[PDB]
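Coming up is one lone chain in structure tokens, specifically the form solved without the ligand.
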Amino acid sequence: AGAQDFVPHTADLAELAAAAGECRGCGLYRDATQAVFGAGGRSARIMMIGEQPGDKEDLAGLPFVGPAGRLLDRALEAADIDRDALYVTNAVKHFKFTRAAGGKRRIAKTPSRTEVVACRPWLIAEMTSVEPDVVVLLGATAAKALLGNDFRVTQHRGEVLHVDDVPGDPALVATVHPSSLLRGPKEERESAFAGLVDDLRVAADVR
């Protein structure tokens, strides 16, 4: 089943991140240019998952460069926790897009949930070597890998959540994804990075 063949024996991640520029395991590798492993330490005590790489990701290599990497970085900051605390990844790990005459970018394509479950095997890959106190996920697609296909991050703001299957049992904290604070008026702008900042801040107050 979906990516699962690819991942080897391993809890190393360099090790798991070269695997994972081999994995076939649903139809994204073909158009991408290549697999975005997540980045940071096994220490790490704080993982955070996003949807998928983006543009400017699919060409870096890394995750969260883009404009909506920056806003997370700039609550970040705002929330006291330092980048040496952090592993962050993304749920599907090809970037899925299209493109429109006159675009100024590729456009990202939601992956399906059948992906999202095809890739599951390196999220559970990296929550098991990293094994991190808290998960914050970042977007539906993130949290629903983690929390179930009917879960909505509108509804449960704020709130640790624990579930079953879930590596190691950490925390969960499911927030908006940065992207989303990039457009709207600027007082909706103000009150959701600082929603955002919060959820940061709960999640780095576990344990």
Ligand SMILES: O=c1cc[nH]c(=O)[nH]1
Given for the second form:
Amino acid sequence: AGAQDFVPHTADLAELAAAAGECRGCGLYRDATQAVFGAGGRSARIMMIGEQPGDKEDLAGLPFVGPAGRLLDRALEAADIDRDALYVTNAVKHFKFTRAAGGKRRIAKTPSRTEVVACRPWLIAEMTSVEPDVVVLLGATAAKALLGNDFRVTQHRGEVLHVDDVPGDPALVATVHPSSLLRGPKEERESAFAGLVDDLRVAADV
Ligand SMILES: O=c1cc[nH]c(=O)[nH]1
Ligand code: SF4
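Now show me the form solved in complex with the ligand; what you just gave was the form solved without the ligand.
All chains and molecules follow, beginning with the one already shown.
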């Protein structure tokens, strides 16, 4: 059942966000500081979904406020997407992490399929409340939550997809995770940013 028993019968994002602070749907609530719900309004045409809040998001209470958020904003700007048209969230709402002695941060640990399924009720409540025209899936974790554990983003990036089992039959565009555009050689990171901007343009045009 996961988080399903904790999700209230309401589409109000403020009430949903408050209830998510009380969620015990998986074990991630324990070590995490707080729940990081999505940001934006129900008028949004474009929903974007990442994997999970990171270290800054965990303490800031908001999604994409770190370096990946900076690179996403750089790409949204290049695709002329207004953030007024955006509801932005993640597949899990609790930071899963570890600490490496001598590190400068708490390190994100990849969510399990069990944690992603436990938390999908919140993502369904968000899609039901926002009724997006298009869902942008940022990375493998977010894309598998809605397209299956077998889905490969590398093979389907920038394709307009539609699955019948998804609420509202919104179009789905899967793309690379913005954190991937931080690591690597200059011209690959640049090629990768250009691919992200194309994927955002496809979604803005849906
Ligand atoms: O997937 C991610 C990574 C960083 N911050 C988020 O909000 N989501
Ligand atoms: S990660 Fe999702 S399911 Fe698990 S406790 Fe947090 S809100 Fe509930």
